[PDB]
Amino acid sequence: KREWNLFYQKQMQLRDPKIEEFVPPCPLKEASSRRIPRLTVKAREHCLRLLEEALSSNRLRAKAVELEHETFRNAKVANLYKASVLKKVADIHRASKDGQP
Amino acid sequence: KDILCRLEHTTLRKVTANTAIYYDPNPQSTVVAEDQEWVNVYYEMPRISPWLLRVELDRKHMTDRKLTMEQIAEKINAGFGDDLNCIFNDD
Amino acid sequence: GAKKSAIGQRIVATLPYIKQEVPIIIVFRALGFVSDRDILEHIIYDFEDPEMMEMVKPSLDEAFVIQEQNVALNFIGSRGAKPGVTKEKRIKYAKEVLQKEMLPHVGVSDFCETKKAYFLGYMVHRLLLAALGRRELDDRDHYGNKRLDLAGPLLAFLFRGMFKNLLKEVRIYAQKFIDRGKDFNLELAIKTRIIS
Amino acid sequence: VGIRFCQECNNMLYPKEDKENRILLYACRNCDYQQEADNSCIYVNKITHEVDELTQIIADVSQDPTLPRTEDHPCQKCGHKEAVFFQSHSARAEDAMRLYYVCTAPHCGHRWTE
Amino acid sequence: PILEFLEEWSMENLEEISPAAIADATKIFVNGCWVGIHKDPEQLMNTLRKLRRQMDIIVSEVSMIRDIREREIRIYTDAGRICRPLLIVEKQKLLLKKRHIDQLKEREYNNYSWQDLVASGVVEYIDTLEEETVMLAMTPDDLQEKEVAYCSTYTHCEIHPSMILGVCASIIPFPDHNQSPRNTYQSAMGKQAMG
Amino acid sequence: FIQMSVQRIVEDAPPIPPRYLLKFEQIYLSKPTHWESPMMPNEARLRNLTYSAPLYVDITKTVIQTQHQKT
Amino acid sequence: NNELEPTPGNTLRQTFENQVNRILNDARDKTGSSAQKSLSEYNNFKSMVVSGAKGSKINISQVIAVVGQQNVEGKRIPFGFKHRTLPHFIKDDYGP
Ligand SMILES: [Zn+2]
Ligand SMILES: [Zn+2]
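Here the protein sequences line up with chains A, B, C, D, E, F and G, keeping their order. With the authors' numbering as the guide, the letters of the first sequence map in order to residues 501 to 515, 519 to 528, 532 to 565, 576 to 617. With the authors' numbering as the guide, the letters of the second sequence map in order to residues 1155 to 1200, 1206 to 1250. So in the authors' numbering the end of the third sequence lands on 441, straight run, no missing numbers. So in the authors' numbering the end of the fourth sequence lands on 125, straight run, no missing numbers. So in the authors' numbering the end of the fifth sequence lands on 734, straight run, no missing numbers. With the authors' numbering as the guide, the letters of the sixth sequence map in order to residues 50 to 65, 81 to 100, 106 to 133, 141 to 147. So in the authors' numbering the end of the seventh sequence lands on 817, straight run, no missing numbers.
One or more of the hints may lead you astray.
[Said to hold, decoys possible] Below are the DSS-like pairs computed for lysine-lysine, each with C-alpha atoms no more than 27 angstroms apart in a straight line: (1) B:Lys1219 with A:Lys603; (2) G:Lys812 with E:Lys685; (3) D:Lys92 with E:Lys632; (4) B:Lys1219 with A:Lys604; (5) C:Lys334 with C:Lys360; (6) F:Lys146 with C:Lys413; (7) G:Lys778 with G:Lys812; (8) C:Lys421 with F:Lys146; (9) C:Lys421 with C:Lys409; (10) E:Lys578 with E:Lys589; (11) B:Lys1168 with C:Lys413; (12) A:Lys501 with B:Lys1219; (13) D:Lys92 with G:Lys812; (14) D:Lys27 with A:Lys510; (15) D:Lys88 with A:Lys501; (16) A:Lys521 with D:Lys30; (17) D:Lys88 with E:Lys578; (18) C:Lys302 with A:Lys501; (19) G:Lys812 with E:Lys632; (20) D:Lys27 with C:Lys249; (21) F:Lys87 with C:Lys427; (22) B:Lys1234 with A:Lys501.
[As the list claims (entries may be wrong)] Okay, the calculated bits of chain C under chain F, using three or more residues with CB under 8 angstroms as the criterion: (23) 319-328; (24) 389-400; (25) 415-423; (26) 429-436.
Treat the hints as calculated values from the structure; they're not laboratory data. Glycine residues also receive a C-beta, built at the ideal position from the N, C-alpha and C atoms.
Looking at chain A on its own, in the form it has when it is part of the complex:
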């Protein structure tokens, strides 16, 4: 029943402190933009460093920033953008296991 959505949102209000603001910087493209939900410079640099480690292990920092910026543009929120970057890191890991460039 639609009563579930009222129950659910009540229980999540009862889960207050204010939400933390964005702070600008970084090697990442457009890193001064606050437009990506829940994003930060530290999360973007962590994803860029993960992409750089995978590309360097397969082998350059330009490709890592391109993979991070593409994924941050396509994902709905920064928490999903980071999970999809780790998924692309796992696919590069299957490429290196297959010996592919």
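Got chain A sorted already, so can you dock chains B, C, D, E, F and G with the ligands onto it with the hints?
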């Protein structure tokens, strides 16, 4: 077959294999040993409640409907918003 | 809704001469058993059945309130054919119903609770087995589940009522003729026309 | 998974949260008896539930005169030839025609399924 | 008498039983009332059937059922159950013998009759829900004999399979060459003929 | 029915300053007779009668004992 | 032996029953065709069927060759007793 998939109702029970509710406050030391590596990878780069909701998806039904775990995750996000957390393995 | 969705299934019993349904744990407590361990001894015979235990757990979650025989009897008797204005009469009515109209074939004496509890536990156990898909549901058309009323049973059922009416009439006549205190007669008190 | 009972009132032990030591405690609603559990899992729900009936098959079915018998399937343990067999005999099974076997030798009761 | 024999034959009663010794014991019901438990169901059933066949303690009318899978023994002394007689097959041979046949065919001036056949343990009354634990054979000299083994554990045998028809359908000749609606119509029209 | 059930029905019936108490003991049944004399079934058919037998009972009367037979 | 594979859109029981009923229907129809084509030019069943007076080739087939399968509520005869049709069969017998 693609249109057949598009036109047939399917909830999570049609594809889930098993589910359980655990008590695991430690992000690193996880009661379940299987998730260890990727849950640590998720937590290493950032409150929360100590309880868990661990579900297991049946592979046959997961691959029959041509579904994807990213699709399931984004559907969960759309359905519940960001008041949940979701971390998922891959195939 | 959220609470119904989490509970799932609950087990209730429809006792005769009672206004509406009663949860099963309430009846078991009214029989005089308090501990969940004892009630589960009466219901689940082999405790190494986690699926049965989980199935019966929501029924025990209705025992969060009721914990004693007196209050359980009160809850049962609150819903009589004519609800009472007092409480002792309601509790006596509840005990009377649980002693006279619930499972008469097991027994009607004072010490029949120890066996009525076992039979009610067997009913609940068979319900659980049906719900778990471990026994086939019965069919009414199976002829082992039927009886045939021949002349014996038919005429005996017919004769019980007529003998009861004859007793009622002789009782009425005796009381009317005795309030005067004069005397009393037997042949004049019996109406053979009733039975015939 | 299972139900555990308090030793004082003999009632069901509900799980309760200890918000100091980050530990799980089982406590009842009648008295103040506490406990620490080893399962560490409150609830488990499997929806496949394709239970193998070899746990639920009794060895006493070998005395049924109405069951078919075969001698081409010797018992694994005692090597007895004759062995009763039957089907799943389970409701709420979406689809099944697999056979099940029970050895007919007394006190063997070996119940397998090839 | 059934309750007394059950007590005599080591049947633990409900009020004298710990709730732990019930998982591995087969419950006993008499007229739908749970009276106790037992731990040797097979020997109990053998003894009960022997007593019913001897016609000593348990009347021939009483039925006994063992649900082997669900571990329950049900004994009915009720009125209204419908039952029919069946022959008894012990190993693979009928207990009915040529001596019985001759004593029956000398029925006059011999006071040997159906009751004396029943008292010998040759035939038996089987009600409907006792028929679910029995293996029947339609014809003795055709189904007891050695074949490609279908069943070698027959427990009873039919007297004659044509005794499944009622009064009005026992007058139709060659009913097995007919059509079922035609047999039904004749069963209807047999009550309207004039004689 | 005639042998057992009527007797059981009579017995299981509860019995009904000075006090009076009654208790029905046992029953009887003669062969069918006609009151204006055994009545044959053919005569019952011809004369539009009813083929029936009388049922008696022993009833005991007490005051706070006296026996009444064949009531 | 579990070697039977389900047909898409059908359960294992459904596909087994479909195969069995199809085999039996083929048998009944083949015997019927044999009985029809083995008739004679003087046969009175043929006289009353060809001219369209009364009867049918299925009736001729049931008279000569095979009565055929009996169905209850569109399915084969159900298990009235505990897992068997009659007390004369073993339990779990799916033969014709
Ligand atoms: Zn306690
Ligand atoms: Zn063996």
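Here is what the structure says about each hint:
1. B:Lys1219 with A:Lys603: Since the Cα atoms of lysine 1219 of chain B and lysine 603 of chain A sit roughly 22 angstroms apart, the hinted pair holds (cutoff 27 angstroms).
2. G:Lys812 with E:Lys685: Judged against 27 angstroms, a Cα distance of about 21 angstroms means the pair holds.
3. D:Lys92 with E:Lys632: It holds: about 24 angstroms lies between the C-alpha atoms, which stays within 27 angstroms.
4. B:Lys1219 with A:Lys604: 24 angstroms, holds
5. C:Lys334 with C:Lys360: 26 angstroms, holds
6. F:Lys146 with C:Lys413: Since the Cα atoms of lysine 146 of chain F and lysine 413 of chain C sit roughly 20 angstroms apart, the hinted pair holds (cutoff 27 angstroms).
7. G:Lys778 with G:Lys812: Roughly 37 angstroms separates the two Cα atoms, so the pair is violated.
8. C:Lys421 with F:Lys146: Judged against 27 angstroms, a Cα distance of about 25 angstroms means the pair holds.
9. C:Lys421 with C:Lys409: Cα-Cα ~18 angstroms, so holds.
10. E:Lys578 with E:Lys589: Since the Cα atoms of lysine 578 of chain E and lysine 589 of chain E sit roughly 19 angstroms apart, the hinted pair holds (cutoff 27 angstroms).
11. B:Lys1168 with C:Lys413: 67 angstroms, violated
12. A:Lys501 with B:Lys1219: 31 angstroms, violated
13. D:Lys92 with G:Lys812: Roughly 20 angstroms separates the two Cα atoms, so the pair holds.
14. D:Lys27 with A:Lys510: Status holds; Cα separation ~22 angstroms.
15. D:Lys88 with A:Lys501: Status violated; Cα separation ~56 angstroms.
16. A:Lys521 with D:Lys30: 24 angstroms, holds
17. D:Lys88 with E:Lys578: 26 angstroms, holds
18. C:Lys302 with A:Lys501: 25 angstroms, holds
19. G:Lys812 with E:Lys632: 22 angstroms, holds
20. D:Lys27 with C:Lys249: 21 angstroms, holds
21. F:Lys87 with C:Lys427: Satisfied, since the Cα-Cα distance of roughly 22 angstroms is no more than 27 angstroms.
22. B:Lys1234 with A:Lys501: 19 angstroms, holds
23. 319-328: violated (count 0)
24. 389-400: Answer holds; 4 residues pass the 8 angstroms Cβ test.
25. 415-423: holds (count 4)
26. 429-436: holds (count 4)
In this structure, the earlier hints numbered 7, 11, 12, 15, 23 are contradicted, and the remaining ones agree with it.
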